[PDB]
Structures are given as C-alpha cells and as structure tokens.
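Let chain A serve as the given structure and place chains B, D and C on it in line with the hints.
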Amino acid sequence: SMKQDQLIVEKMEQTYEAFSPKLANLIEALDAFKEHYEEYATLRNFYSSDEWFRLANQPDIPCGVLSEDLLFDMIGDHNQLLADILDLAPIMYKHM
Amino acid sequence: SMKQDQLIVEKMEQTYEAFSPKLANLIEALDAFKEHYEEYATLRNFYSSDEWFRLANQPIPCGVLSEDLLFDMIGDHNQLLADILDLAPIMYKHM
Amino acid sequence: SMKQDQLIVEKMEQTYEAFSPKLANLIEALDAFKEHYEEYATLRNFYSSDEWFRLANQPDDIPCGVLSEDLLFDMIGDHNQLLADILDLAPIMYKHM
Amino acid sequence: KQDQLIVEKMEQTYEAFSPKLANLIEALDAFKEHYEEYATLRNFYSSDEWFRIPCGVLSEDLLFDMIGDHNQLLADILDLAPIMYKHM
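Residue numbers (PDB author numbering), protein chains in the order written: chain A, 1 to 59, 62 to 98; chain B, 1 to 59, 63 to 98; chain D, 1 to 59, 61 to 98; chain C, 3 to 54, 63 to 98.
Isolated chain A (complex conformation):
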C-alpha cells in the first residue's frame, strides 16, 4: 500500500538523519588524529627516554607531562583505541 511505502521511507529518512553525522564526525576525527600523529610519537618517545626520568626526579610540582600518570594514560588510551578499531574493522568489512 502507498501508505506503507510512505511510512517506510519516512522511517529511513529519519534513520539517515540520526546516523549520517556520526559517520561524518568519525571520518573528520580520524583524519585530524592522523594529521597530528607525530605529536603523539614525539610525546611517546619523550616518555620512554632517560631524559623523562631525570626530569621527573626534580626537587616542582609535577602535574603535567612529568606527572606520574599523564603520558602513561595517554598511551593507555591510544592502545585501547587501537583495540576498538580492530574490533570494528571485521564488522565494517561485512557491511560494504
């Protein structure tokens, strides 16, 4: 029936409108993350380095980059993001 057709299309339209910005936002966020990736590389190599440890043992006080957890947590976040991405890839592959 025509009215079924109408309902069905209106429902799809609303579904598109709720979904599409989520796709656009992930695309944009991924791209920006990629553009700034060297900053993560720099910060990660800084944290491993002997220099970091030297500087973390100053005599004030450590809240940022020399903090106990800041950079460790950033890396933890990065690594957990990688997991989430790895879980998503096979699902996306089955919906191409």
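Quick caveat, the hints were computed from the structure, so don't treat them as lab data. Think of the CB as a built atom: it goes at the ideal place given N, C-alpha and C, for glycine as much as any other residue. Treat the hints with care, as some may be off.
[Claimed, not checked] No more than 30 Å apart at the CA atoms, straight line, and that leaves these computed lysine-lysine pairs for DSSO-like:
hint, chain 1, residue 1, chain 2, residue 2
1, B, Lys96, A, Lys34
2, C, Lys34, D, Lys11
3, C, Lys22, D, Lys96
4, A, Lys96, A, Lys34
[Said to hold, decoys possible] Okay, the calculated bits of chain D under chain C, using three or more residues with CB under 8 Å as the criterion:
hint, stretch
5, 4-12
6, 28-34
7, 78-88
Only chains B, D and C this time, still in chain A's reference frame:
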C-alpha cells in the same frame, strides 16, 4: 640547567595540549559510531533491496531515495575502513 | 610432587611442541605470500579487464583454464575471505600479547 | 596470436602464485585451530607456577620468543590488510 629544562618541558606541554583533544575526540567519535552502527546496517540493507528500487523509480528525491545519497554513504563507509586499515599498523608500532 | 610438577611441565612442553610449528609455518607462509603478491595483483587486473571477457568468448575453449568461468573469480573470492579471516584474527591476537 | 602469448604468461603466473594463497589459507586456519594452546602457554609463562637442566618451556627465552614471534606476526598481518583491501 633549570631554564633549559623548563623550555623542553614547555615544548612538550604544548605538544600534549595540541594533541590530546584529537585523541579524545577520536575515541568519542568512534564510540558514537559504534553505538549507532545498526542504523547504517539498516540503511545499507534498505538500499540493496528491491523495495528501494521500486520506491526510487516512482513518479524530486533529495533524501534516501535520491540517486546517490545512500551510495555515497556506503562509499564513505568503505573509504573510512581503508583509512582505518592504514592507521592500525602505524598505531601498532607506537604502543 | 616433584613427579607431579614434572607431569605439569610435560603437558606444557607437549603443548609448545604441537603449537610452535603452526606459528612458524604461518609466519613463513605469510612472508611468501607477501613476496609473490604482485602475481595476484596482475591476475586480478587481468580478470577485470575487458580483454579477459573478449578472450573468454573465443572459440580455444575451455582450458579449465585462467579463461575458465570461475578459476580467477574463486581466487579473488579466496583472497577476500582470507582478508576477512585476517580481520577476525587481529583483535584476538591483540588481546594475547 | 598475441593472445596465446598473453594467456600462457598468465597461466604460468597462476601456477606460481595459487599455492602461495592456498598455503597461507591452510596455515592460517591451522594456527586458528591451535590458538588456545598459545593462549594456555602465554598464561602459563606469566604465572606464579612458572617460577619453578631447563631448556624447553622453562627456559629463559623459549616462551618469550614465541610471544615475540606472535606479536611480530600481528604487525605483518596489519601491514598486509590494507594492501589486500585495495585489491578485492
């Protein structure tokens, strides 16, 4: 010694402050995309169905029955998968 | 106890022995696949070419046969399914590092 | 007759390549079949029980190197995936 240190630190701090929100934003955007994925599944199965074609070819559609709205959405999804597959090995080397 | 320890260890040793070569073989097979990947690329681009279709409708017929109806299609299908399996495996391996 | 030349080349390319695909497929799925053994060995290595003539599984490096090999295989797989994705 304690002025050169300050300058090294100030550079790192600035690097963190430029970078960290990009990480947070990607985390959040990924999660929201995941949460709404079934909507993409639904739309994708709608587009490939005979019903879509019947509905689209009736007697103009700028939405879901338009010529390329959903095609482009799938195209965008598929290109996002490619970018994700390129990013994974890079991230795997910086854990 | 020492005897019980020895039996636990023997079980692990066997587990290593059963498993280790499956790792080593996959590593070797992967590498060889990578090395020969251009052969797949060539064959794939041949199959999707207009030339393939022309040549498949000629009267040599039928070799069974790079010009066969499904040889190269199946090879691509196998490649694609291999990518799926790889994608499913990656997250599992990521949780056992 | 250009044709027969071209075909012969492809046929030879297929015959060189196809077993490399089959072998990877078969190696992958045998690795899958036996994955729980890797899991068990990995959890064994990290355990308190493990602290306890030793050249095999109780060796300094055997299990460490196995994990190292596993982890490098993952890297190689992650590199391969995007390439395969462009040739479907």
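Here is how each hint holds up against the structure:
Between the alpha carbons of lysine 96 of chain B and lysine 34 of chain A the distance comes to roughly 14 Å, so the proposed pair stays at or under 30 Å and holds. At most 30 Å may separate the alpha-carbon atoms for a hinted pair to count; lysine 34 of chain C and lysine 11 of chain D meet this at roughly 20 Å. A threshold of 30 Å between alpha carbons decides the hint, and for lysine 22 of chain C with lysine 96 of chain D the separation of about 28 Å falls inside it, so the pair holds. Annotation: proposed proximity of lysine 96 of chain A to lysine 34 of chain A holds, straight-line Cα distance about 25 Å (limit 30 Å).
Only residues whose beta carbon comes within less than 8 Å of a beta carbon in chain C count, and the stretch 4-12 of chain D has 4; three or more means the coverage holds. Coverage of a stretch by a chain is defined here by at least three residues with a beta carbon nearer than 8 Å to that chain's beta carbons; for the stretch 28-34 of chain D and chain C the count is 7, and the condition holds. With a cut-off of 8 Å between beta carbons, the stretch 78-88 of chain D has 8 residues touching chain C; three or more are needed, and the interface restraint holds.
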